Amino acid sequence: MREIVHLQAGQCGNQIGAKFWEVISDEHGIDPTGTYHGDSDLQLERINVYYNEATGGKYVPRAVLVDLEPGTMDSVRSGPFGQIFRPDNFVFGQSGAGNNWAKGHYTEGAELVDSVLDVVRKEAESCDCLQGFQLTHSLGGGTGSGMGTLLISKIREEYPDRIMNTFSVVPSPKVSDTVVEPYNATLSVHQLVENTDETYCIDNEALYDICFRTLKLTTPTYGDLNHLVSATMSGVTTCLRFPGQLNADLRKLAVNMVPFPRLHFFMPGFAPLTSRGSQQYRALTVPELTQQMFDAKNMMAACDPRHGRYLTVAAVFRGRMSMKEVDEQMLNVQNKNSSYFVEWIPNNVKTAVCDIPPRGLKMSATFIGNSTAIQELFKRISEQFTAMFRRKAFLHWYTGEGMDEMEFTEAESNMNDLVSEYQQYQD
Amino acid sequence: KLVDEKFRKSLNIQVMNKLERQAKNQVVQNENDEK
Amino acid sequence: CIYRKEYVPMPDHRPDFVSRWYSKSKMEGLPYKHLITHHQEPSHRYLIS
Amino acid sequence: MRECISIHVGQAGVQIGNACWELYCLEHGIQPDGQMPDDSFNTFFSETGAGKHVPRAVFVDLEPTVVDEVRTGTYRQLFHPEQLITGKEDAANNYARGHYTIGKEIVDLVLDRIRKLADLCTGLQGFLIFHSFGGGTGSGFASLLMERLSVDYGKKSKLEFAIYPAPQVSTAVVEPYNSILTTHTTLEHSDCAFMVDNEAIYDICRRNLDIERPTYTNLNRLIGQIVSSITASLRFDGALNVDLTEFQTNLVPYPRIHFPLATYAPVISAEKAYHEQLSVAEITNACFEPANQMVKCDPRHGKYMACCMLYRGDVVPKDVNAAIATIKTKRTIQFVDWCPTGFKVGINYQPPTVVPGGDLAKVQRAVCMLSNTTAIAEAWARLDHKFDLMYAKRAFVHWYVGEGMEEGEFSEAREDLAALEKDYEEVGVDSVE
Amino acid sequence: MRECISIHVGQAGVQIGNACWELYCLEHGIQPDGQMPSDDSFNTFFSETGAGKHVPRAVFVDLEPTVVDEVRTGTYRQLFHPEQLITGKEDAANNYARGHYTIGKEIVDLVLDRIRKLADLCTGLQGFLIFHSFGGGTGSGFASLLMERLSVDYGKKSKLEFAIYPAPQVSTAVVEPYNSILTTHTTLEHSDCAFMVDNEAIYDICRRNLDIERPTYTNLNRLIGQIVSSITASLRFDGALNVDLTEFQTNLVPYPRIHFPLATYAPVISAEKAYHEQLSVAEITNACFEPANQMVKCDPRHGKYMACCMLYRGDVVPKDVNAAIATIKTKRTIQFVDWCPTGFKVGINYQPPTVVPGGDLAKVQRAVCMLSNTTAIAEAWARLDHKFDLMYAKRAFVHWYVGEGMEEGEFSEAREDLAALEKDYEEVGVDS
Amino acid sequence: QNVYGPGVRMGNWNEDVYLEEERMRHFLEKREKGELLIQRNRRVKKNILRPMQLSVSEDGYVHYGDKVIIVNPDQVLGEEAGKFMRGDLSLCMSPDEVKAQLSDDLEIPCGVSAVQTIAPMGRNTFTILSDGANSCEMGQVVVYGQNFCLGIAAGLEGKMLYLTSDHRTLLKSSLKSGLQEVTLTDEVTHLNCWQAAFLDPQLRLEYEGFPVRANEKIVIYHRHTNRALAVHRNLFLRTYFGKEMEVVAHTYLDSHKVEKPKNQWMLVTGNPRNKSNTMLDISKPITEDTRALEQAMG
Ligand SMILES: Nc1nc2c(ncn2[C@@H]2O[C@H](COP(=O)(O)OP(=O)(O)OP(=O)(O)O)[C@@H](O)[C@H]2O)c(=O)[nH]1
Ligand SMILES: Nc1nc2c(ncn2[C@@H]2O[C@H](COP(=O)(O)OP(=O)(O)OP(=O)(O)O)[C@@H](O)[C@H]2O)c(=O)[nH]1
Ligand SMILES: Nc1nc2c(ncn2[C@@H]2O[C@H](COP(=O)(O)OP(=O)(O)O)[C@@H](O)[C@H]2O)c(=O)[nH]1
Ligand SMILES: [Mg+2]
Ligand SMILES: [Mg+2]
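Protein chains in written order, with the working numbering: chain R, 303 to 729; chain Y, 303 to 337; chain W, -19 to 29; chain B, 631 to 1063; chain S, 5 to 436; chain E, 56 to 353.
Bear in mind the hints are in silico, worked out from the structure with no lab data behind them.
It cannot be assumed that every hint is accurate.
[Said to hold, decoys possible] Simulated restraints on C-beta separations:
no., chain 1, residue 1, chain 2, residue 2, range
1, R, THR409, E, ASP143, 56 to 62 Å
2, W, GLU8, E, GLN56, 49 to 55 Å
3, S, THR250, E, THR240, 25 to 31 Å
4, W, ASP(-4), Y, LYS337, 16 to 22 Å
5, E, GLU263, R, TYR338, 51 to 57 Å
6, B, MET666, E, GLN56, 38 to 44 Å
7, B, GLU1039, R, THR409, 47 to 53 Å
8, W, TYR2, E, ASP143, 47 to 53 Å
9, R, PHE562, W, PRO22, 45 to 51 Å
10, E, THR294, R, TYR338, 28 to 34 Å
11, R, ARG553, E, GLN56, 48 to 54 Å
12, S, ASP319, E, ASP143, 44 to 50 Å
Built from N, CA and C at the ideal position, the CB exists for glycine as well.
Let's have the full structure, built from the sequences with the hints guiding it.
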């Protein structure tokens, strides 16, 4: 019908994916064994979209889990939902990449992609009408930044037509856990722009903000940080899976979102976020949701949108609501903040509705934005990459893998040619 | 002549190298299972 | 003998097994119910088209 | 699966081996007879049919006595008698003896033993070599074995844990000669080093640990803690596991500059730690105070080049991030111009298990730092100084000459380290105009 | 059913007959009386009587009584039947000629009569096992005579041959090159295999592997019994790949004049060395290829293998046999002649080898045996030729042999027959 | 910088106290309802470890309907190498505890293992029932060569789990050994039958069709497969109860073609005096020895 194959690479992607496959496991009413224990028919009418039919009333993921280092996959197999992912969907090498993009993309990335290209091809012909592909990784590591993008270069040659969405994890400058990150980031962003329909720039600093100030969590670990990405995961496809007043899918937003193919770097958000103290004295209504999207505080990107102009903005509402308030609020926020939108596109705001709210909640929303201020992140990778390329520092880890230096030169050339044409559109 | 004879044997080593890798991967899979 | 006196066998010590368990669950963190569930709604509270 | 091999040479090698392997056995719960009554159990102790386990180390020495102590010691029944190797005559603080005449009789036997031990292993990760620059065996024999090991296994990682002679105190006179002579091998056939001096540990134990009359055993327990906390990421499961390849990648920016400094926190006794609350900021700044260095050099006289940062225990990424932020907002800690980002965070969960009868108290959270910085260069400058003022009158050269190595190679090594210090100054140079 | 008869010759043969037959009793469960305890694999070696006692199918022969009389007084005095152990009043005394022409024919008929009776009892006789030494006179002279006369009574029947080659440095005799050179003719035309072993090589093995700094002949005798057990083991006990004595002859002897393989046993390690070592089948085949563990003083790194017989035994999986043999092929200092692209033969046995009390090998789950035919054994014959011609030049010790009644022309011919044998071993070394 | 404990009312104390109340309330509701993991596991393990009393062999024989226990003795296994657990082992039903915490339902099929414990209890007590197809009435004498079955009730009242095994396929095998595997199922089939054989291979036909004694060494042979019940004393299995052995169905033979000590099996009947005890723990008479002085006289 319209099926998604969920790709999963790197340590980060392996974890948020297990986190992502926890929410859509919770909502669809399927127990950790593999059997459906929900209540309503609507929960199982479209489950072909993420789950594959298997004998005995049991469903299995359309998920491919890849990691060069086998250390992490034992943890995914040993979580609460570790009895759901097929072992043949696990494919692993023996040695990690050591946080080198070159190794994961050229030397040991070659021997594994044939395995990954095989199983996705098995899942390519398994369903009848695929809607697209969807991947999670990190540009700051060695495998997801590396072999994760190698698949992107390969699957785009195999299936040009299908939409490709990437929920990638962009490194933060104020908090850095890797010095060869501005290398691997420079060498993956270059690989993203030509072969990707829509990129969701996720970071970790802004997520550390959100729990601290919006949720007042005293010890926010990686697990709670993984909760919010999985929330935004289901909100993107909350319309494809269910009925509503105004349905949508991945393609309807994407064509409404990309005026020129070089601009597909986004800025995702999640609405109902308040403290554990305020679980009673806080009204769950349409306008207070809209008041929560368009702050710079709820945002899980590493940029302040007030420094740029929102090109296009999409709001996907979840749950049942009367419609008139949304067009009133989305129009209202357009009029008052008229200086923060580009004039050359009218009616900048996109609205879609599903009728079903998520589990344990009455109303939900997801906001995906293309704005100028995403340029502020890309200039400052080059602010770090130039400082490390000019002294040729840490370089010999890369030239030992057979690559040249010109790839480093042309990678900076392509990002420079991205922001330069990105800056003209703000002015 | 002699150069061709060396490459006649460096093609053979890959076969047993593949066999060794395959057996080691299977043992790795079982040692992951029990853990 | 220095070496013998230092490396006497000394039983009765057994390595810990549960501090790792505590740290695993600390890294796990709070579940869904204490994350986003609002007004303590049950499973079937809002499932109508 | 991931596996390390340890290559301990000399009296120092075998004694740090005693302490480290004892800590390993006690942590994993191995009985001293080699039996058991959530990871590893294959990196270090491979298991036989009868539930017994055998460590992946080789202890080599050219004198029998200290290894015969282990052969009669507590763990006599745990170590395979083939692995422990001995010779009649030692090198007697002479690189010439340790490298040219007596090393050859035994290097084939040692390489055969390590080749067997490799064939035991399925996926070998790398080699850790423990020695001293000041010993004849631990200098010359280790240099030969590294030279032959690099060509036997071209790709395998090779780490060095070396006892660098202290700036003032030492136990030998020709020790600068041996130190000079080992550096060419440790430069062109290595990947990373942990040169540590004994004086720094003496001061740190007299200062924090309140033992005014320590032992070499007390030194050895701390070095064992260092290596265990380093390999702990492979030994256990973790949020941010790091591999030897990973921290080689963020410890070597250039192939000729592979000389970090190791540091550990918290180092504190039971009575002292009964009061002071231990937290992430406290341990992360105690690891930054120059009084805690295990190398006698002041980082305030250099600029940090890269930092590898391994936490362990009840650690949270939030407070690691906050600690890094607090240490980054500081002027007294300087950085080279070309390194805007500077830290590797690795995390493990197993709280540090205490050796009873030792010195450290039971600690719930620990941290180690492996800092590539340019302040190690002045130590080599002083070594160069003493080497010149002993080479000027050709003192002590007749021993080497009569053993059979040429004199001009001494000047070769002098020129080598002169070039090395020149590269360190060149790296310290910054391009701000 | 299958049956094997031993024709052990000499003090080497008799003292081997003690050690090998001690193992056969313990593996089948025979008491030293002969009766099994109150609480039919054994048929190939023993034989049922009416009394239900199992009489061994061996014939100890010797030309002096002192060696055999110790068996008559030893622990197993009541196991061996009296007529089987043949003695004599005078011995050849380090002389091929005495044991072949003047003393041999005295007892030729008596043993050839006894061997027929043991052959009569056996319905289907698998073969003849002959154990002797090239050194001693009876071990060389008499052993050459019966092999010639065994051939005229049973033409088809195999005559497996295990001997003691003169060691290249240690020596318990002086004139032994005459005994070593002249006997080899019979081993050339009247033997079907060889298992030559040198005591010096075994002296190296025991001190290096078993930690016994001061061995004796028994320590050398025990390992030989472990060899003969393993080759026959595929006959006695069931396995995944049973291999007979006729089977391995085919895959080890490409030419009639080339029948000199080499033996090797692994693992041979003490309990304290079986303490701290995992024993996998890969760990015991790489040991069977190193020259230091070999049993002849020759190095196949100086030659080229032409055939190999792998004899596995114990808790083995045929999957991992294939893994081990594959890794051996990926090695350049293990060579093969160009006309042997496939140079292996594997037999598999289920029962692990037993452990005798008072021995040195600990009880082990698995074992490997090997019979490797290489052309690097030819260099062993060269030193014997080199020593023979230093001493035949001045006609030393010659007067003994003529005075015992043999013509001097055989000194030329026996020297020459090896010269053709060495040249034949160099043609195989050439690659077309 | 001065992070404080729970009750110090500090900083982010209000929200933490709210959250403590939330988690505490949730735990209280589950405790009141009875869904706690502690409670559930305690109840199910009690219903497993419940003790009982065995049957008494009046004539020294076994009958249909008698409660018994399956135990392999500790013969002198000088041949065993590696690590082998000694003592007398008892065949007892073994569940998967992971599936127990996942679902409260009974686990079909349910494994069988061996634990070095001869105390009668709910885990290891077998009723000897009839063939189903053949009318072997309760109280009749068990005979050599006659099919019989053993059953154990567990969990819900009325469960009659029977032990069975089937001819090996690629899709079913023992968990570690790889040989034919035996497990407990509720259904009734012809695969459920078991036969007993006399120890000595020589006189087995002579003792065919004869009454079977209790607490004596015999061999067990599944009818359809002809294989035998065997226990691998080397392979281990860690479970919640502890270290349990591996049991399979595969006949084992020595070089003299006799069953090796892993095919020996002993039934168990109750001690007539003390009910909690079995026959194998009955006391021995206390008397003194006269053979030393007797042989001294000669
Ligand atoms: N930290 C520490 N250093 C040690 C230890 N043992 C020896 N050393 C150092 O090693 C130096 C001397 O080298 P040795 O190991 O004793 O001698 P060697 O390496 O065997 O070489 P030869 O003297 O020729 O036999 C001393 O100055 C010590 O500083 C130890 O247990 N701990
Ligand atoms: N390896 C081994 N060699 C033995 C043994 N017994 C005797 N020999 C060898 O036998 C050689 C001497 O010949 P013997 O076997 O003793 O005597 P013989 O064969 O009866 O011939 P004569 O001495 O002439 O009577 C010595 O060189 C030994 O090497 C043994 O038990 N083991
Ligand atoms: N958002 C998020 N990031 C993570 C998580 N786990 C690890 N990371 C980040 O991933 C980065 C390291 O990625 P890495 O494992 O080396 O990627 P790989 O080399 O492709 O496998 C670190 O900077 C972490 O901050 C997680 O659960 N969530
Ligand atoms: Mg020394
Ligand atoms: Mg003799």
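Cross-check of the supplied hints:
1. R:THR409 - E:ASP143: 56 to 62 Å: holds, 58 Å
2. W:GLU8 - E:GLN56: 49 to 55 Å: Taking Cβ atoms as reference, W:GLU8 and E:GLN56 lie about 27 Å apart, which means the hint is violated.
3. S:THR250 - E:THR240: 25 to 31 Å: Because 51 Å falls outside the window, the suggested range is violated.
4. W:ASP(-4) - Y:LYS337: 16 to 22 Å: holds, 19 Å
5. E:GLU263 - R:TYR338: 51 to 57 Å: holds, 55 Å
6. B:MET666 - E:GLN56: 38 to 44 Å: At roughly 43 Å between Cβ atoms, E:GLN56 and B:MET666 fall inside 38 to 44 Å, so the hint holds.
7. B:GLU1039 - R:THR409: 47 to 53 Å: Cβ of B:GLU1039 to Cβ of R:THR409: about 38 Å, so the range 47 to 53 Å is violated.
8. W:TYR2 - E:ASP143: 47 to 53 Å: violated, 40 Å
9. R:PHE562 - W:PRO22: 45 to 51 Å: Between R:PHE562 and W:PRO22, where Cβ atoms are some 47 Å apart, the hint holds.
10. E:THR294 - R:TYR338: 28 to 34 Å: Holds: the Cβ-Cβ distance is about 30 Å, inside 28 to 34 Å.
11. R:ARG553 - E:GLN56: 48 to 54 Å: holds, 52 Å
12. S:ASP319 - E:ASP143: 44 to 50 Å: Check failed, 26 Å falls outside 44 to 50 Å.
Violated hints, listed in ascending order, are 2, 3, 7, 8, 12; each of the other numbered hints is respected by the structure.
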